[PDB]
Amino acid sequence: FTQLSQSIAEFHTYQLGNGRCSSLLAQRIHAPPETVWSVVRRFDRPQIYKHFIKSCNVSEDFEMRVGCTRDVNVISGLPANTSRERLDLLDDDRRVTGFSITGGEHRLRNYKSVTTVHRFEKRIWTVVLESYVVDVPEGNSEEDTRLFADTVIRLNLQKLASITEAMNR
């Protein structure tokens, strides 16, 4: 579909800068795009569809805008860490959102990620695209970093499929 390819060219294509790496993942979901997007868009509640989140805190006066932040307490490695994340992009009409990890996540330094939600018709189904660019830690190989980031995104997208399909019922 052209809308898909246009989204990939605008939001999921990347420069191959040195010490950087990126990837793009896709998840078909048997649920309407509005439901999937209503979950995907809530920057303050990523635990609804992500794994390994002990908790996520936002300021007492939180309002979702570009530049708003969250603290994500992560327990996917056992000295728990607090990922500091910043909303880069939110467009409800285009169903696109994006965030950055500014600090607190030594495995994903200068992580930047974009998620887009697409409608497909035949029964109205959804395809979610999720991509990222991130530093390769100097001692790391690229494939280690991508393997880690890919594995996590794949599991989270599976959980998102599962929870939105249960919602749609």
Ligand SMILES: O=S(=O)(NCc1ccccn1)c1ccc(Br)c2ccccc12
Contents of the next structure:
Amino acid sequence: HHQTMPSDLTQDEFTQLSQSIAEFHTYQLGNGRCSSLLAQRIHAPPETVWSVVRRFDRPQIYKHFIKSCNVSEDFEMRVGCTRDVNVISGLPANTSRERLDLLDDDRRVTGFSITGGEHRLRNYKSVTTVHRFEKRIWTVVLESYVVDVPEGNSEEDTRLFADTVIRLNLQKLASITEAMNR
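Condition change, the form solved without the named molecule to the form solved in complex with the named molecule:
The text that comes after this line covers the one chain and nothing more.
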């Protein structure tokens, strides 16, 4: 009977995904670090959702606020590879240099680090996992990150900021992967 946020896992989701949260979405914290975890239900099959989420060279497919994303001409999508993204004009960030940490097509886990460019999300590190759900098939996407808290900002402000980006991105991901349906 308390105030439940829409990006929080529901009880049912948590009971299905608790171990994935333990393995993939938990961070060591304390002292100028903050982290968060967001969930997005998607009425599309997990493999469709994953096929988008895994495209490290093409975040624009579903992420917002990207003027451009450039990978090298000899780009092979493997762990360690990098992308340079340019944020649309007018935001508090201009560029992000990002590195692919994780890519598991079997378990549907990917992750990246910002290493990082013109912005105030220092040492951002993020993981996204995609999961099947039944009760007739739907997907739950979990996305989390840990990131430094800028000297004169609060943890709450930092989290609100990063959460807002992730939250929109996951809405877009849901929208486009649901769009075709059948």
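Residue numbers count along the first chain shown, from 1. Superpose the two forms; the largest set of C-alphas matching within 1.5 Å is the rigid core.
- Residue 80 is among the residues whose C-alpha shifts by 2 Å or more between the two forms once the rigid core is aligned.
- Fit the two forms on the rigid core and the C-alpha of residue 94 turns out 0.3 Å off between the two forms.
- Superposing the rigid core and comparing between the two forms gives a CA shift of 4.0 Å at residue 105.
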